[PDB]
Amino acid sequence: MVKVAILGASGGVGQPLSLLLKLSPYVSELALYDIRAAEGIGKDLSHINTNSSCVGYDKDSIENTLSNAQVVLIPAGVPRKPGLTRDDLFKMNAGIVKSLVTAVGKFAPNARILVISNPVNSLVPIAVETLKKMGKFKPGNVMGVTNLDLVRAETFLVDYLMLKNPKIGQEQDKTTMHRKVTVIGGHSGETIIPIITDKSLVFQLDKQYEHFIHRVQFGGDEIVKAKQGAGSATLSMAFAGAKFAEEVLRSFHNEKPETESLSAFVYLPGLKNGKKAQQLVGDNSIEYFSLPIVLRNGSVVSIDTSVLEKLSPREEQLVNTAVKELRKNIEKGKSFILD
């Protein structure tokens, strides 16, 4: 019997994520937590005719939320908004994550912890260092959820191909494009590295290729702009987070994944092929990257570095630009907590 806990279940991402999870046939118990309104939402979702019992909990009941939880989804965090800077946004979400991840350490230390809160590049290290300090860190069980970059890469590959010549475009299926594209690096801007694995499609995009790459990298900013500062991508974040959790849940049930080269943002030095990945990205000491993972029983047991062993010269340049900015993001998270 698998129990999923959602911490931040009442926010803009949290609510549609809770709905998508209630629909999963791999979940048998769904516990919803937040500082307000989760009981109500959980009661609303308990009426859906799927086989999972769903309960929400009040601000004071994070212990009941997390008890016997195998998977913990953390979408909690303050959204992008006009009068908020990225640094204050970061510092507030840093406090939310540390507090929530500390609760996981006390109440469900063996849970697979899926961090959805942004910025992923800086907040995952806050979660790891928090678990290290308590003596509760298992590298295979802490994943920064970067799956929305893949989603967008799948969507835009088709959109740019539909633009360049509808012939190959109208042949694509957006639902199956992960066989053709993989995304690695971090989860913001130029840290994001879209790798089209199907090299015929690169050629066919021709000069649309750099437009594609830029569009995947800046997809977050596009939605903020389209909601005039007053929101970011909530429904698609919920969707990507549910898709990624479904892959983790499939693995509990000894099924194979659906996504080819499914990536998450993980702690390299604690996993198999991690040091190999550090070399391949050109920084023997970089602690995190989003790379293709192999899951056993919900947990990352190795990193598949295949993608890094066949980079184009242009991709190698995306990597080296990404690694430079990513290092600063990692260092920013880790010093905020360690100092």
Given for the second form:
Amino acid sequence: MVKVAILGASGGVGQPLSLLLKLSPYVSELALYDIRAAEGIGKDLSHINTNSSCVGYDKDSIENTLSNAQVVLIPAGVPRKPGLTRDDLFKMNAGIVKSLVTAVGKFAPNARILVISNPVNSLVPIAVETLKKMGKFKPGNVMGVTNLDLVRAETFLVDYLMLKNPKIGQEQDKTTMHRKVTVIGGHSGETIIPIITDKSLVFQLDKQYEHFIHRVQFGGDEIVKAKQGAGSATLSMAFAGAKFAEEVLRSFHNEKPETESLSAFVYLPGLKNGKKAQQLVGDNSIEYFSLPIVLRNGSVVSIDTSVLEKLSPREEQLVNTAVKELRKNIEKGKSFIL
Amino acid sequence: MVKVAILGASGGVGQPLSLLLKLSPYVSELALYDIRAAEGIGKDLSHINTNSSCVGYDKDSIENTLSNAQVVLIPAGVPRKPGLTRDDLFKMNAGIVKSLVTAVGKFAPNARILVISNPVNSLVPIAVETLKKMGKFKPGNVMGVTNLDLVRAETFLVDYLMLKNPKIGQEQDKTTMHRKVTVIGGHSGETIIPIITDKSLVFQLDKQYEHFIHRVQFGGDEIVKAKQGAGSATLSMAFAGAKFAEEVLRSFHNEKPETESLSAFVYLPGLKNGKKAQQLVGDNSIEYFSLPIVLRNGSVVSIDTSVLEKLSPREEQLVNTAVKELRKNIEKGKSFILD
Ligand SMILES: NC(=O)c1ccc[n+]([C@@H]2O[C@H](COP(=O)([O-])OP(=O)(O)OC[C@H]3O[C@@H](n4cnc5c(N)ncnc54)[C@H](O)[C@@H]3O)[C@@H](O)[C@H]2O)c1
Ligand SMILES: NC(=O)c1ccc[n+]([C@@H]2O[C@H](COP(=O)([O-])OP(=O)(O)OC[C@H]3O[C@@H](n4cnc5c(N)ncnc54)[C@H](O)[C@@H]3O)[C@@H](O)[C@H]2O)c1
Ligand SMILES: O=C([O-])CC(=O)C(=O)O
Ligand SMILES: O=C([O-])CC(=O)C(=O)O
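How about the form solved in complex with nicotinamide-adenine-dinucleotide (NAD), since we already have the form solved without nicotinamide-adenine-dinucleotide (NAD)?
Below is the whole assembly, all chains and molecules, this chain first.
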């Protein structure tokens, strides 16, 4: 059935991501690539008694890694650290994503590409425009992994209900809260739009609602601070990213997604209902948004816009703020490569 | 239901181990402790949408880490390195285990203590002899985690079958192969004893038997070599360690273990059928061996000796060489405390 490659497998995200993917029953080969250390990490994980073969490859061996792959996860990139501006991160990461995605376009042009590298809002456009340049772009096959934002929302909605109201918070199970909240937009504090779909819950949060919003939005900053400068979220990204990959993998075996309204940052003009999404977010030419997606054989075949149809006034304002930032993020991406 | 603490949570083994423990439905509170970085790693994991509450703690907060902990995982240690002698490696890890186990004795004396630190064969006797001296030693509660040996055995059994007979290789599920192989003894190449139960797997293996047996025993080395001196097994360890802790945690909630003949390195004299095990291994005073255990409520209540009762002439030969070296491993640990 399905070969997964992981480009950037040896990093803080990449190792535990590789570990979690070795545990997936949907994977048949697992290939790990990095500029260093991947062969040892693959060997390490090949001892695990799950059915997948796991090989890591050296820095000169991206082709062996990619050849025949159906899904390509990209945790490669440079993470936030104290000596580094957003613009530093943007340019270094843009080079990485370009080379790795050019490698995909040459060695496995049909694979579903799941981009973890940050800034997702501008690097996804880099991915797409690189593939378009190559004549290799399939819009269903390029996904910005924004699912860590959904993981946080689920977690924080329970943690904020516990605080306000130990009554209601008892009955909440963090593992199933995706029934009650959906995250859309982009992946930065200006662009993350948490949409509580259970309107009762919005009211029960009361004055903790605005804190909840802010917490989901700035979760990235929170871990950077916790890790005392040197480090960003790694382990929980690995988790979120493997969860998303597992939905993409499910969809090769004709199975229902476990997350209701699973979102990824996708190219609206190439996907069904993208034009309706554009209108619904108030901007007729915006090219990318993180929105709930429908998967078949690991490709996005439609966008489900339901969550855009019942926005509160407050949420409309979050959308508006997101759109204006996103337009700039996208343009910075496209123009770095055009 | 249960509070879990991880001492050494920021290391190569500890971070992935902590992530897997965050995903356990059996855990109420997950507490992480290291000489460095454990607070950020706890915060990172706290964002994961599973029900456990995860908090990390600085080097001076082992007190709050251990308070009400019922299960303590110890991945803290120094791993193998291109530089280090056997004896210098031992010295460093001995101090770390004595020190962390003392704190357990002081702040969570009832906890089930799961020792991942290596050398397991000597570090588990150090934890016991530390606890005895404090008057806080319960034999059911100290377990050297040897589960990675089982994991490799399961996996190399299939890898080796494939290359011999693909018809049968392909028939196997790497994941449930703890019904067809059980590992006993110690955790080192001289002490690991893979008992292929289901015998006709041994004849298909043919001259790949001695090759397989050796692959399992020297798994650690293989990773050290594959990581080109700079690290040992981490992620597979976190996996094998987390599975093992899961069986421990599972036994708190009236559930059968998922792993048949689940082994761990335990103190024979303090344990039901421990005497029977010593006889069956051909050493009446050997105080430690990794053997299938029965867990009631986190604690080892008996040793199941079945697996020693029926042994090939080759398997008794493996028991023999393991016991000789284990005596020295156990003495090397006991004397570190009994000095
Ligand atoms: N999408 C999200 O929600 C989210 C969350 C957390 C982190 N991130 C991002 O994920 C990325 C990785 O973070 P980390 O903490 O794992 O960083 P890291 O520096 O620990 O690891 C990145 C890895 O990428 C590898 N790499 C670099 N260039 C490469 C190339 N050309 N080919 C293959 N591999 C290469 C490095 O060797 C390293 O092993 C960062 O860009 C970070 O901003 C995204
Ligand atoms: N049982 C097994 O089968 C098995 C398998 C693999 C590794 N190991 C062993 O596990 C240990 C960990 O290896 P690793 O690769 O994670 O090493 P590492 O060096 O990556 O991790 C060691 C961690 O232990 C911490 N530590 C040291 N002293 C401490 C103390 N007093 N209190 C709290 N934390 C402390 C360090 O700060 C670090 O975060 C080693 O001894 C290694 O050989 C055992
Ligand atoms: O904040 C960062 O740089 C990494 C990230 O995307 C996150 O944790 O959300
Ligand atoms: O070999 C080492 O040094 C670490 C270990 O215990 C293993 O991988 O089995």
